[PDB]
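Encoded as C-alpha cells, the following chain is the form deposited in one PDB entry, with no partner shown.
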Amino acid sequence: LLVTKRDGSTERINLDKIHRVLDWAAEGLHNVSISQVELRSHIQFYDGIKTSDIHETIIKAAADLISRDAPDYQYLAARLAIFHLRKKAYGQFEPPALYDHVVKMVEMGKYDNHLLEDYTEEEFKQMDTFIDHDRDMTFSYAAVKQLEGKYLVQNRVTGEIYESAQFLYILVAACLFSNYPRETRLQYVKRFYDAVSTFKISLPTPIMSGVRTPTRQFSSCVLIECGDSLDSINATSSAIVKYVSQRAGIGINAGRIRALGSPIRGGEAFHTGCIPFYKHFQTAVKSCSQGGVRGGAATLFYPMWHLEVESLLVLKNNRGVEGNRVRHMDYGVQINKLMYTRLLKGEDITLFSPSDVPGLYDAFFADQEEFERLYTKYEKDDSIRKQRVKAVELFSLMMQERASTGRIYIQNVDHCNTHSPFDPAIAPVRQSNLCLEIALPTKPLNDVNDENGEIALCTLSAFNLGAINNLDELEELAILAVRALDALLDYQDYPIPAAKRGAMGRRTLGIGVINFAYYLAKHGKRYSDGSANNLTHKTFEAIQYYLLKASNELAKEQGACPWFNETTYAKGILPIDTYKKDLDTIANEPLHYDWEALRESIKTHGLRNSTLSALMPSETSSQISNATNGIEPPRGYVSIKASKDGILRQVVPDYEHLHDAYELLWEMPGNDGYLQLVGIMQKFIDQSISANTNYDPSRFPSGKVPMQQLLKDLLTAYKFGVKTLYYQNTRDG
C-alpha cells in the first residue's frame, strides 16, 4: 500500500518484487537470511514512501548485519547497492551501449571530447564486447561506497550519478593507451581493462576519478627543495600554493636555510631564524583549506646537525609559546652513519649552520668519506660558529617527540644514496615525500618559472598480491602497469616548468603492492618470527625483475629516458649489487631470475624509466579491492568506518578459512620481525618504503615505553638498510 516513484507518481506496493531482488542478490552467498533483512526494513516502510528510500532501507539493513560470523552480508549489501546505482544512473538495471553513453557524456561535458576524436564508432563497439558488467557483482559493500563516494563521475551539487564501475575501467584504459598504434591499441585496452577490473592492478584516486574527464591534473604528491635565499623561498612557497590547490601532498626540503643569528649581507643584518619561514610554508600549504584546517599535508626535512635542530624538533610539542611552534606540518630528521656512531660511543654531536661550513651539506648526501673529513675538520676550526650537544640527549629528544606525536620521521640519507638507482655525484636524493616512500632527485628554484630547477613527482600504482596465483603472472602485469603509467606522464599537465623537467627527464614511477598480509596468511607465514623472510625475498625478487624487464622492453620500443645516463643502472649496476650486506645473515633464498642477462640488456638498451618500485600505504585503493593495506598487518578482523549513510564494516579477505593464519598488529610481540621483512624488501625496491614502528604500553613495566627500546629498534632498522621511518603507533585501547 502506497509507494511514490521518481516522477512522483503513486503506485501500490508489490512486496514480492522486493523479495525477488533480495533473492537474486543472495545468490551464491552463505549464512545470509533474506527474512532477517525483510523483517528489519519492512517495519520502516510507510504510505508515500519514495522508491529510492525503499532501496536505501534494505541496503542499510543488509549492511548492518555485516559481521565476522556472517561476512557474506558484505556482498548482499553491495549487490543491492550496485543495483540501485544502476537504476539511479541509467534508469534501468541494464547499462546502455558504450558508444551511446560516451556520446551523451561528451555532450553533457563530463567526458573529454578527445575520446570521440581518438576512437571511431566501430572501435567503441569493439570495446563494448570486452566489458563484463557482471564484474560489478564482485565488489564488497565498503568498496561500492568508495566507488560511489569518490570515483564515479557525478554531479556533487545535485547528487546525480552518471556512470558505473565497468565504464570507468574501460575508459581509463582507452585514454591511457589512446596514442598506441592502431595495430595494438585495443589489444592493450582489453588486457589492461581485465587486469584492473579483476583487481590485479590497483590505481590511485586522482587517476580513477579523473582520467576520462576534461581535467588533466593527476599528480598526488610533489617534492620541492628550497634554496637559502629570499628568491628561492618565495619561489618554493609559490609552487606549494599552486600544487596544494590541486589537492597534492607536499614534501619540502628546507635544510639549507641558515640558522638564527647567522650574518646577512656582511654584518649589516643578522638572520631571523628558520621558524618564521616554516610558518610561511605552513600558511602556503593550508592556503586552500577550510579556515586553515581541512586538507593540504606537507612533511618538512632538515639535517640533524642543523644549528637550530633542538628548536625544530619540538615544533609540534603542543605545550609551548605560539611564536616557536609550527604545529600543522610533519617533520623528517635526516641522519647518517656518523650521527649514530657518536651515539654508540657516547660522544657529542656538533651543530652547524649550513651557510658557515662549505661543502658539508652536499657531502652529507653524496659522499660519507668526505662528509666525515670535513665534519671533523670544521669541528676543530675555531672560526666556525658551532654548538655541542650530547649525542644521547639529542637522540632522546627526537625519539621523545616522535613517540609523543607519532609524526617525527626519520630518513637515513647515506642509505638513500649508496643503495639507489641514481649517481649521487650527479643527482643525489636529498628529501622524501609526505608519506616517506618516494626518493627522487631535486634542484631548488630561483623563481616559480625557473627552468633549471627540478621538482619530483609521484606517479603511482600497485600489484594485488592476493589476486595472482603464481609470481610469473607479474610479467604481464608489469608490462601493463609500466606502460600505462609511462603514457600518463605524456598525457597529464605540468603547472610549473620545473616539474615537467624531472618528469620528462627521468620518467620516474612508483609501483608497490597491496594485500601483503593476506598473501602471507595464505602461505602460512607470520610477521614477527622470521618465517616469512625467504618467501618475501623470493616475492620481491620477482616483482623488481619483471618491472625492470618491462621498462627495458619499452626502452627498446620507444627509447630510454633522456637522463638515463645519470642512473647507476646505466653503468651496469643493479639493486642486487648495492644492498646492505647484513641482509645476507637473515635470508638465504637464492636468486631465481637471470639478472646477468638483464644487466647487459639494460646497459645496451637502457631503461624507459629511472625508478620503478616504491611501497606506499593505501587506504582507499585497498578498500575497493577488499584487501589488506599495503604491506601492513591488519589491526583487527573487521574494519569500521563512519559515513553519512551509516557505519561501514569490512571483513578481512577469507576470514572464514584464515582467521587463525592472520597475525594482527597488536599480536606481534615486537618490531624485529617486521623490520627484517622491510629490509629484505628494500634490497630490490628502487626507492623507499613507508615502514611503521608499533608499541603497546601494556607489554612494558608500568605502561611506559623504555627509551632503551626505542633506540634499539632505531638501530636495528639502520643495520638492515632501512631508508626511511614513517608513523609510530602507540596503542591506546
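Here, rigid core means the biggest group of C-alpha atoms that superpose within 1.5 Å across both forms. Residue numbers count along the first chain shown, from 1. First, how it differs from the form deposited in another entry.
- Core superposition between these two forms leaves every listed residue (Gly530, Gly292, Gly261, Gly149) with a C-alpha shift below 2 angstroms except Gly292.
- Once the rigid core is overlaid between these two forms, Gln709 does not reach a Cα shift of 2 Å, moving by less than that.
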Second form
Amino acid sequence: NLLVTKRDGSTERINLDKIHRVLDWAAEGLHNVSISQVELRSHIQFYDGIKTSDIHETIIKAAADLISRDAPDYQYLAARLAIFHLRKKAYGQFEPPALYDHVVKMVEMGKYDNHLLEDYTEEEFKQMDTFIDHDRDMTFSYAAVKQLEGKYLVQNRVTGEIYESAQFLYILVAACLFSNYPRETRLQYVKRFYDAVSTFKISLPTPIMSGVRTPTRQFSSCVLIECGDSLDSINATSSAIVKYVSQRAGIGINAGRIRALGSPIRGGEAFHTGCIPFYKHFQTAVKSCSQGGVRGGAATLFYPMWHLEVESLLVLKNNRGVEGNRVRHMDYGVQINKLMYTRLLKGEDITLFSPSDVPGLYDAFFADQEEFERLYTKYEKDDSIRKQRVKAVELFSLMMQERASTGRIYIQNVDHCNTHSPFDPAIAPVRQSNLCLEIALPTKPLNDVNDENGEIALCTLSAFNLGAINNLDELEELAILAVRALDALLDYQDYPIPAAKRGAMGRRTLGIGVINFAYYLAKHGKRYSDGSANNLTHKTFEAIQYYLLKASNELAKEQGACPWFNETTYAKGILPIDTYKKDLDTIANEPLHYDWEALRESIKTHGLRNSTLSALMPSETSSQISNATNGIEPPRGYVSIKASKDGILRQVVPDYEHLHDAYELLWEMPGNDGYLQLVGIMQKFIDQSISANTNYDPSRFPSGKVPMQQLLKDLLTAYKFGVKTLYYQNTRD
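Given the form deposited in one PDB entry, state the structure of the form deposited in another entry.
Only one chain is given; partner chains and other molecules are left out.
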C-alpha cells in the first residue's frame, strides 16, 4: 500500500520487482552475489513517499557494504548501480545523448572548451560517437566510480550536479590531445587512445582526467626548482613556489647551494644568519595557498650530506624542539654519493663544508665523482678553509634515526643519478628530485621570477597498467599512444613561469611509469621477497623502456627531436643498458630480447622527441580507476578500507578469487632485500628514478625496535644495486 516518489516528482504504488529488475541487471556475469540479501537490508529503510533516488542510494550502500574477500564481485554490483544513478543525474535517463549534442550543450554551459567545436566538425563528432562503448562503464569497480564522481567527472561544485559520464570523459580527453594531428591520422589516433584508456591499458593522472576538455590549461602537478645562493634567487624561488602551489602542484626545492650560518657576505660587510630562516620562508610559500594542515602545499627540500649545517637540517621534522630550529611541514631529501658511503664503511670521518667555501666541490658532487674526491681531500687538508668533522657512523645514524621516526627524510644517491642518466652531467646535471622522488631532471636557478635564463623542470606523467596487458608486445602500441598523447599535452598546457616553459619546450621530458605490478607478479606466480621475480622484472622493464624509446624515436622522425636533445647521453649513442649498476648482473641473468643496437643507430640518426620517457611514480588515486594495485608497491591487505565523505569505501585486490594465495602482502615479507633488488633491476632501464619505499615491522625484531644496523644494511643494499632514491619509510604499528 506504500507509495514512492519518482524522479519527476510524481507518485506511484511501490513495486519491489522494479528494484529486483535493476539488481538483476547489475548482477549479470557476477559470482557469489545475492540479490535477496541486498533487498533485505534495503527494504527495512523504506517509508511512505520515499524518493526513488533515495531507494537507489540505499541499495548501492547495501551492495557496497557486502564487498568482501568471500564475495568480491559486490564491488561491481555496487559500481554498476552507482553508474546507473550517475546516468540519471546527468542525462535524465540511462542512455547517454549523442556526443555532438552533449558537447554543444556543455560548451554553452561553459564546462567544455569551445575549441572542441572549432577543431572537430559535427560529422567528426558523429564518427567519434561510434568509437564509444558506454557499456564499458559496467567494467568499473565501486572505488573507481567513487573517484570518478568525486574527482574526475565534470560537475557543478556548488550543487554537486554531475554533467557527464566516464566514456565521454575518455573520448574527449583523446579528442583534445590529438586535436592538432592531421586529418589523415587524427581520428585513428583518437579511437586507439580512447580504447587504451577506457580498457585501462593506460592510466592517466588526476589533473588530466579532470581537466583535459575543460577551459583550464593547468596540468602541471610536478615542479622542480633550484635555488641560487643569493637574495634575488631566494625571492625568485619563493615567488615561483607561490605561483605553482596555487595551481596545486607538488614542489621539489634544491636549497643546497645556500651558504652556511656564519658565512661572510660581500667579503664581510655582513654575515649569513643561516639556511633555516630561508627554509621557513620557503615553507610559508608552499603553505601560502592552504587553509589548515590537512593537505594543501607539499614540498621536498634537498641538500647535500656534507653541508656545514647538516646536523641542524636533519632534525627539522621531529616534534620535540623549539619553533626556531624546526621546519616541520616540508619533507627533506639528503644527497649522498660514493665517498660518503666509503667513509661509513671504513669507519672514518666526514668533513662538513659550506658550498661557498669549497670552489667546484658542489658541482663535482653531482657531475664528476673523481674530481669530487680530489677536491674533497684537497679541502680537508687545507686549514684555512672553514670546516667541521663528524663520525660517518654518527652522521648516517642521525639521518636514519630521523628518517625512521618521521618517515619523511629521504635519500638521493646523486652519483647514481648522473652516471646512469639520460643527461650529460657536464652540461645538464641532475641535482635534485621532486616531491615523491621519482623525477630526476636538470635545473638552473633564477635571478628573478620571470628570468629567461633559469630552468624549472616539469614532467608530464602517465602509467601502463601491467595487469591489463596480455603480452609485453602490446607495449609497442601503448607506448606510441602514451608518448604521443603526452608530447601533445606539452604544447597544450600553459606555463605560468618562463623558466618552466623553457625546460618543457627544450627537453620535452616525460615520466611514464606502471601500476598493478603486484597483481602482475601474482599472475605469473612470482613474489617480491624471494628473488623469483628478478628475471620477469628484467624482461618486463626492458620492453617498457625499449618501446617507449622506439615510440619517441619515431615521433622524432616525424616531428623532430627536442631542441636540447644534444644535451642527452642518448645523443652520443649511449643507452641505459650501457651505464647500469653492474652489480645487477649478480641478481638477474635475463637476456635482452630486443634489438637495442638497431635502436641505438636510429636514435643517433633521428634523435628522441623526449629527453626522458620513464619514471616510476606512486599512484593511489589514479590506480583506483583500474582497480589496480598501487604502483610497484605490494598491497597491505586483500581488502582496503578507506573512510570518506560518502562513507566507507571497500576495494578488493584484482582477481582475489583466483590469486589469494599468490599475492604477497606487505607485512608478509621478511625484509626489504627482495623488493630493493627488484627496484634496482627496474632502475636499469628507467630514465629517471623510482619512488621506492622501505618497510619495517618492529614485531619481527628482538626487543620490538628496528636496530640501526638493519637500517644501514638496507641503505647500503639499495646503493649497491644502483637505486637512485629512497622515498617513504613505513613502520607498522
